[PDB]
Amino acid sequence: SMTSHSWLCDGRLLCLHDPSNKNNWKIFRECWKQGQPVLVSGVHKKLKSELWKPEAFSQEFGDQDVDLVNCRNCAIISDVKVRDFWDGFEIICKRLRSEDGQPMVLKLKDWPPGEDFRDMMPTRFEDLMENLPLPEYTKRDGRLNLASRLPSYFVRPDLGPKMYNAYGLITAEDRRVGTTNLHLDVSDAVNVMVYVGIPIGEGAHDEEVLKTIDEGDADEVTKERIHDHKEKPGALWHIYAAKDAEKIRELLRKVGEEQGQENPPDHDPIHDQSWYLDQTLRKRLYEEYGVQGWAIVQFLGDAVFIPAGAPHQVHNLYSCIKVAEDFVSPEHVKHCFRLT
């Protein structure tokens, strides 16, 4: 039967099933007030799927100049054409190669750049903004979005949305690297998976993806989405409560020191955006500091709600197109205040 919601992370994470149901706020606000993330499935079924294809992005925008990042070593690839990224999104034999001659796992940096999404892609902008879940929270003029209503004593989000485009991580060694490193934001955010690209050429990569999900501490209900429903998994997230941020900074200072980094005793390893918590570091955070996170697999059409002040990291299982919008809920506005 079709139901309003279910629970992931062994009862710790709300999953809403109908992205446009006007009754969702009744389910959402109790979990949100506690500082928990929330997942909403099914947003892909509301979108014009022809607007979100990698081939359309290459055809329409391919002559723009951009920078990429090699996810395996953090090296910047400067001043290339955006088609050089998009044409290798799913076809491995078209990817830019590293010195060792392997195809690179690449992230497209800051594209569209700054606040330019609305001006460069007005039809995409309309399609996404009109179909965001929890619209009183997430729409620029929503009654529970304080983004446009606050004085300069608060840090306001930029005008969005923002696009996040990167290849999938492939090997056993890649399991220890992030697409986006551990960091926190002072605004709330909703992040929608609009396209998952399962590649070809090295097409038969199905078992390292299951081992990544399993080692990432993903729940059994999450594994039933793949095996029973054949949903396409895009990315593995770890999210931590805002109240656990200082204990995470203590762990990463101790590890920085063990590894011969020479940081002052006050430095901020979360703001630095330089760490990915692999299986070893997550176990150590739990055993040594008592801190547990939410391990979330974001499938095609899933919208992840990230509370302000919550440390989070992202590991792409396949090639992903994500679009995220920032907002300021009254529940979490304290995290963007500039005093005390």
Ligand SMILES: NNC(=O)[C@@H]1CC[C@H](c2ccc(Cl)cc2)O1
The other form holds:
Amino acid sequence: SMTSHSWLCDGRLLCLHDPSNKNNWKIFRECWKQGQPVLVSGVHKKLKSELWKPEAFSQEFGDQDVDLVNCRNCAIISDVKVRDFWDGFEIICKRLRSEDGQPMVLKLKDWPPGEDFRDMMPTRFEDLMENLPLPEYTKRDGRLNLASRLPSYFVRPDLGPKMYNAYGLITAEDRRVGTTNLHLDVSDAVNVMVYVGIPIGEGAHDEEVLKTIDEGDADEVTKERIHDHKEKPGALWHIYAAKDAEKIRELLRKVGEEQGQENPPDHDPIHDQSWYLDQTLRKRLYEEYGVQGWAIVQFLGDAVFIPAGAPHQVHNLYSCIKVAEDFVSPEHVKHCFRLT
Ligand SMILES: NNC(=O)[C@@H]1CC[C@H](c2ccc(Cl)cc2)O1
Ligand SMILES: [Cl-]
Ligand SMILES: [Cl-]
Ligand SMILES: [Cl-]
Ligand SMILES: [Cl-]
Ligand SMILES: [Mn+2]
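Return one more block: the form deposited with the ligand bound, after the form deposited without the ligand shown previously.
Once more the chain from above appears, this time first in line as the rest of the complex follows.
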């Protein structure tokens, strides 16, 4: 039967089922006031599927100059054409190769650049903004979005949205690497999975995806979602409560010291965006510091709501196209205030 919602993370994560239900705010706002992330499924069913394909981005924008990142070693690939990224998104035999002759796992950096999404892609902008869940919070002019209403005593978000495009991590060694490293944002955000590309070329790697979700601490119901094998999994997230950010900084200063980094005692390992918490580090955080997070698998059409101040990291399972919008809810406005 159709239902309004369900729970993941053993009851700690709200999952809303109808992105355009006018009564979602009634269920959402209690979880949101407590500092929790929220998942909303089904957004892909509201979008024009032809606007979100890798082959359309390559056809329309392929002659633009861009920089890529090698996710395995953080090497920058400077001033290449964006078609060199898009044409290898699903077809492994077309990917740029490292010196060892393996196809690289690449992230497309800052594309579209800065605040240029709306100017470059007006039809995409309209399709996304008109279908975002919790629109009183997430729309630029929503009643519960304070972004346009705050004085300079508050850090205001840039004009969005922002696109996040990267290949999937493939090997056992790749399990310890991030697509986006651990960091925090002073605004709230909603991140929507608009496309998942699963290769079939070098496509017997669906076996090491099963294990990665396991090692990632995903709950039994999310696995039922994986094990049932009807929905396409895009990315594994770990999110931590804003109240636990300093304890995570204490762990990362201790590990940086153990590994021979020479850091001042006050430096900020979260702001540095240099760490990915692998299974070893997540266990150490729980056991040594008492900190539990939320392990979230973002499937095609899932919208992840990330609270202001919450440390978070992202690991792509398959090739992903994500689109994110920042907002400032009244519940979390303290996180962008410039005093005390
Ligand atoms: N529709 N095309 C595909 O390839 C299907 C769809 C989603 C499914 C999958 C599910 C779980 C895991 Cl672990 C890996 C792959 O793959
Ligand atoms: Cl908070
Ligand atoms: Cl467009
Ligand atoms: Cl709303
Ligand atoms: Cl990063
Ligand atoms: Mn972020």
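Residue numbers count along the first chain shown, from 1. Think of the rigid core as the biggest set of C-alphas that the two forms share within 1.5 Å after superposition.
**Q** Give me the C-alpha shift of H229 between the two forms, core superposed, in Å.
**A** C-alpha displacement of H229 between the two forms: 5.2 Å.
**Q** Upon rigid core superposition, what is the positional shift of the Cα of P157 between the two forms, expressed in Å to one decimal?
**A** Shift of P157 at C-alpha, rigid core superposed: 0.2 Å.
**Q** Determine, in Å, the CA shift of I200 between the two forms after the rigid core is used for superposition.
**A** It moves 2.7 Å at the C-alpha.
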